[PDB]
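In structure tokens, the next block holds one chain alone, the form deposited without the ligand.
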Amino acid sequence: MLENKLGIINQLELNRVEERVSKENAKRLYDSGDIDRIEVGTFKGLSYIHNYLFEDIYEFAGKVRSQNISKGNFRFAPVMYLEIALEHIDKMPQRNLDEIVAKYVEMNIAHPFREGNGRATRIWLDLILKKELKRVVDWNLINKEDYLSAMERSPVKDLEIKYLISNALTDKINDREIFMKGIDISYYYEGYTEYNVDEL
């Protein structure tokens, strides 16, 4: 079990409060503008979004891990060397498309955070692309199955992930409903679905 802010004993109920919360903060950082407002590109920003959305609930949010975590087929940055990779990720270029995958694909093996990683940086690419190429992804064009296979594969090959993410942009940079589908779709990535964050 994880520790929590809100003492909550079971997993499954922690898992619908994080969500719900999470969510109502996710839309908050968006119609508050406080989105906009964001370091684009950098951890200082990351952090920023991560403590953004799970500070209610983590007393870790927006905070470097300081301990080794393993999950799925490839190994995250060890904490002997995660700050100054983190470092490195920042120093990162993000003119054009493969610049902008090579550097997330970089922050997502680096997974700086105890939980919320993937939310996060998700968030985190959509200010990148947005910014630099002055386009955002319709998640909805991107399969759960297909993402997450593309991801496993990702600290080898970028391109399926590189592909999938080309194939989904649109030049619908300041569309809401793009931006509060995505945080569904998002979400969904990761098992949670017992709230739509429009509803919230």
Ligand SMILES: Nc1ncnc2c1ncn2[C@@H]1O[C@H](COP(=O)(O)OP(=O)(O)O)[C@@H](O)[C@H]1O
Second form
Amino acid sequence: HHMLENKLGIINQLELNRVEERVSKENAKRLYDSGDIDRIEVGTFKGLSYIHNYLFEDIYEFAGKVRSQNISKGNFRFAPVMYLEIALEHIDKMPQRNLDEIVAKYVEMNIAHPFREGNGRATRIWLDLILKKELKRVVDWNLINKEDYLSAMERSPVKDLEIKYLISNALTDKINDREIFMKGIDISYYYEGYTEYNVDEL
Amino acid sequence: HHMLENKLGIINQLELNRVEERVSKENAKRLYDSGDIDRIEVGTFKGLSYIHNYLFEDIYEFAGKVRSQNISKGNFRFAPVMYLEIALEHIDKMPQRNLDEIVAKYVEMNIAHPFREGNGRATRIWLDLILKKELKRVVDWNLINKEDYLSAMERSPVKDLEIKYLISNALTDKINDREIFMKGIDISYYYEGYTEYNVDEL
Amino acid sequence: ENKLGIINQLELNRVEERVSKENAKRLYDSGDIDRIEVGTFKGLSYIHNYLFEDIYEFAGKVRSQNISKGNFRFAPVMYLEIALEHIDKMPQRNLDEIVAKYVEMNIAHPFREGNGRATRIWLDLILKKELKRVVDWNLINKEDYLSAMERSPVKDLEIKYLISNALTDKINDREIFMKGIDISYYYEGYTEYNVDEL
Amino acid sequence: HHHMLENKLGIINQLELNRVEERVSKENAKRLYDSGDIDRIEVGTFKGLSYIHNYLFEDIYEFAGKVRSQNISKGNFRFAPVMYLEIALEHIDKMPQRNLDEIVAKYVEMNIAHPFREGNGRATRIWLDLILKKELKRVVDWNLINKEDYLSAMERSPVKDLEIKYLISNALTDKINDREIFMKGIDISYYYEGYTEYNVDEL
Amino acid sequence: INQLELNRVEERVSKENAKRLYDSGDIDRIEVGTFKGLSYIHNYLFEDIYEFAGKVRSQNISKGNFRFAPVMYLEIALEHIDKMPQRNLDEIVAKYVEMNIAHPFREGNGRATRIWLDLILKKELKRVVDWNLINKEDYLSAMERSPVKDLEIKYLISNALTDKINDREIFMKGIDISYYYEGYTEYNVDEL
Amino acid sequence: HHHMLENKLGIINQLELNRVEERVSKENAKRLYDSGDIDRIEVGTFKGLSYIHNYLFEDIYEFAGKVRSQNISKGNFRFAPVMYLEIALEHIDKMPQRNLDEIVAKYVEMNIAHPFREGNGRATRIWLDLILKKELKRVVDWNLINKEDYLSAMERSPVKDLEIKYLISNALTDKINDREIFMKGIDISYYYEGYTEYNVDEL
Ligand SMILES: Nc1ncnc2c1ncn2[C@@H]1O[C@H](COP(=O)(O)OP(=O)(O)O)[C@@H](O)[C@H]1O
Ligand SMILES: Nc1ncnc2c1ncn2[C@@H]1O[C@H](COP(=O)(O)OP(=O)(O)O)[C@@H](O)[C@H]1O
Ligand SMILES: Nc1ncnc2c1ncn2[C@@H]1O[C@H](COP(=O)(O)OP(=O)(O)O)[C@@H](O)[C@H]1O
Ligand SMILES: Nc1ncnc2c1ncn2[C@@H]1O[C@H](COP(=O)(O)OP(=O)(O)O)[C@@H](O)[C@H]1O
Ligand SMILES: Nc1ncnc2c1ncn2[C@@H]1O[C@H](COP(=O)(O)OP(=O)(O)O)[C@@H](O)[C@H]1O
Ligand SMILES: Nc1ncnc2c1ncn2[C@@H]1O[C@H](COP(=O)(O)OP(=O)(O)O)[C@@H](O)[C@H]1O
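Give me the form deposited with the ligand bound now, not the form deposited without the ligand.
Complete assembly follows, chain above in first position.
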């Protein structure tokens, strides 16, 4: 699964964590600066798969591809592989006209959790693209506290009020401001326990 | 709670996470290199409080003192504040003769969760000292996968088999090896989302 | 979110009660209630639309969003259709099977709202056809009922006991029906009107 | 015996009992405010909460104003055990209430304590408003908090109080002596609990 | 050593103790509805088998997803239970449900506390439980549910109550069914 | 209907029914091994598992070897919905089984599927052992897995299978054609499920 392990000779979890952060943040920076981010299908699993492969190819085996194993976090079982493809088609047809509908679509894509790893970071980029297109807003992720965010996502399959509230109060109209995107990548990786680098210095 | 946030006027989450890592890891290196770690009471809340205050004095308000608020993680509500002092009295009297008793005592101290923050890093140092005294072993924490460790702790209030096997298989006889300690500190902080520095380079 | 354009929650509660109870009275007194298919989603959909089409755009139609209550996630939309086909084929010969079928219909929770009130009407029509009984709903305490439904996806013992001990043979008694409407609405927090007096 | 109006004239079913309990205690809530009695209650203590509960439910609930002697639950949640209830209320009495974070934590602990057999919801929200009024010069406009949002947030709150804090924070108003805020808040608060027949204004 | 063999020995030895408890008349002489009475029952059944039989555990225990009363409150919880009323079925079942949450022994709480429950019902309602009339999986599910709502277990108990409160065969067959609930099926207690 | 012997023989006592169902199905398990029939079963497929289930239970359970038609639960866990059993079982048939990680994940999914009304635990463990024998040249020495450890690990396994994987891994033996391991394993397996009356050897 961790393609860099055998290639760089890493036998330490923290060292592997840092290298995967560096390489994927390099790809994340290029995604934005190349303008490739603007030519991705918005709000579909085809767009999400592209983001995920863009971030993690040469890092995760099968980056951009659905997982073949069932996974969980805390006590929550994500969508079973057996109807994973069915779930993703449903999400593709969900509406995205207002914040209520966009947050619900994001919550369902987190529940699907289609990749083995990288779901959190890749789906937040995907979410920002839906908000930018439909609401002319993106998230200022530093205004969402890490533990508040993770608690809200844990709560969200049952009730999405917490994550909707957090997102709503962090929306900004500066949808073409490069620094907001870049600051948000560092915060987004921080949520997942990657704190070594700043995307802008790579 | 976060003293550096209010003192230095930090307003970026990631910056606060990094400086809180730097200063507490600087203290962690001193704790070991000064020999102060070898003079602590072993297996008591007094000894755990000393460790917690050593790491987090001037970082967390009331470091080394029991919290006055109720806290939770995921879906789990930790020991009520009303009953914390008597819960710690019970843990002090728990036996620690073998791996079973030691792990059960560790699991109860995690359930007590006596500090507002920092329970994970502080209690793992405390655990290593119990294992050292009673079994002449310490944990090689890099041998315990981060996600395996965190899921095992979430499980442990119901059944501690998972954490016990993870600890058992990671034990090493190198109880006075500085490299094992320092690498364990870095892995331990990595479990909790701090990856910026290496402790022995501070 | 509604045809009446009401955006005050307490006002919506009261007008929904009066309007849907008005429709419920007509369902019964018109005899329309006796011409519903018994024990199928078609018939539940007919009841739900009868009650709610004045108010809610979706009346009688399967939801397209996912919903939950308490800590329970109801049947996912992606297999709502197949879930309802399965329920349509479940047996209803005795009380054990009728309660099982009711419990699965609640798990499906097919409408955006109104599932509780519409499906209890639907249940009474199954009991009436197969056991010549209906529920005397005031004999079921509100909090016992709600907690029994919360338990029922795991085990249906609680709700089965409550229904069994409240069955009555007065299956054509208009006051048993009307008071059952009022108690059923009371379960869901609507208490202003008596359907009888509308 | 808990419902002391159980056997009165015309009280023949659960709905009729619900309605008379709504009318009598809302009549009490109106007098509580319009008499000025509400302004004399000790703020932020269990002594204050029991005065409110007794004011609303005296002669409706047996033992109104008194701590329950039975354990109770709601949904999947077990409230504080009776065996240490009085000590739990003493600890709540000492909790700070200087800012919104602290006030909401104190409210959440009082709801976990759930000290009465019934009527905890409605009595404790009035109590909450008086704390907010004294300490922040704000009260909750309960009409800006949806019923199902509110109930779910309370179910969430023993684990994390973020949901209910957001709902309270966005509904705060500085109209702390506005009669309609209070009166409509009483009607909304009762509607949260399944009582909808009357407007407190009109009793 | 074989797990099954230990299980069979424990059944045989403790079921013998249950028969003596009833046949000797000792069961009629114990305090009804208190932890002291329950402790006497547990020691009587398991004296030879469990270390610290009849004594409150010193470890925290769980079953399924349920964490039983933590040891530090165990004494105060048993004290509360001792004071709980037992005048009707609602109160008895609540008292029984609280004693199961307490779970005061390391093992054998189920079998000892059901004997204890029958004695409360005998004294206060002049009824005991015909345990064969409560299906095993119905019972265990109802007990899992009981800390949240006791309606399930109350209905099962109510429909199984019999007025044959001094009938030796009701008690002995109840003992067999009670052990069956917990996975001991080898012996019939009256054939010991 | 489900318990075929209950009405045919008028067995009214739950313990007596438990013991006769143990005796009949354990007689069948003994014959499954001693006849060589076990060695012709397809390995790792629902067809093979259905063969085992019917072989043990066809005189005891109305639809032995056949998928259930109702939904079922155990503890707080709701097993795979009936509407999905077919797709679940088709997916499980395609899962790899080359190493212990993959075999355990496959066993965990077959338990979640829980395809029969009753008898899933005992039948699926025989099925598991035949996969391990084929792919790893090991079987489980079940007496080395404590009953409550096993039941707790299975309760845990839909979330994380590490607990059950450790128990299994540490109980593997290379004595894959040892009759005592198989027979004692049958007695322990039945003991896990609350059947302790007979020794399968002596039937
Ligand atoms: N208990 C939970 N239930 C549901 N979703 C969760 C839970 N905990 C975290 N999440 C969501 O899962 C995401 C993590 O997915 P993962 O594939 O691990 O991403 P990454 O590789 O980016 O860390 C989090 O960012 C959060 O959105
Ligand atoms: N759901 C859970 N239930 C119980 N314990 C947990 C859970 N999740 C994590 N833990 C334990 O709590 C620790 C974190 O406690 P915390 O006070 O946040 O420490 P730190 O400041 O070092 O991160 C983890 O290392 C783990 O041991
Ligand atoms: N936690 C729960 N789990 C499953 N079912 C529930 C739960 N709580 C309530 N129910 C059932 O759901 C019904 C409410 O559904 P809803 O669509 O809100 O109907 P209504 O609009 O009539 O109130 C209740 O009447 C009860 O039958
Ligand atoms: N599942 C739950 N867990 C914790 N608290 C809850 C839950 N559901 C509701 N609550 C809180 O409990 C209150 C109900 O208490 P109760 O004594 O019934 O008051 P009332 O008589 O006013 O209805 C609700 O207003 C809400 O604050
Ligand atoms: N998940 C659960 N939650 C609470 N109580 C339970 C649960 N499962 C079983 N019980 C109760 O616990 C009893 C088992 O207790 P235990 O100490 O193992 O007794 P025994 O040694 O007699 O088997 C059961 O008879 C039942 O009453
Ligand atoms: N809470 C649970 N969640 C998931 N699986 C469980 C749970 N409890 C037990 N199991 C699994 O289910 C099996 C029992 O299924 P069952 O069909 O009753 O088999 P049997 O008839 O052999 O007793 C157990 O052996 C265990 O593998």
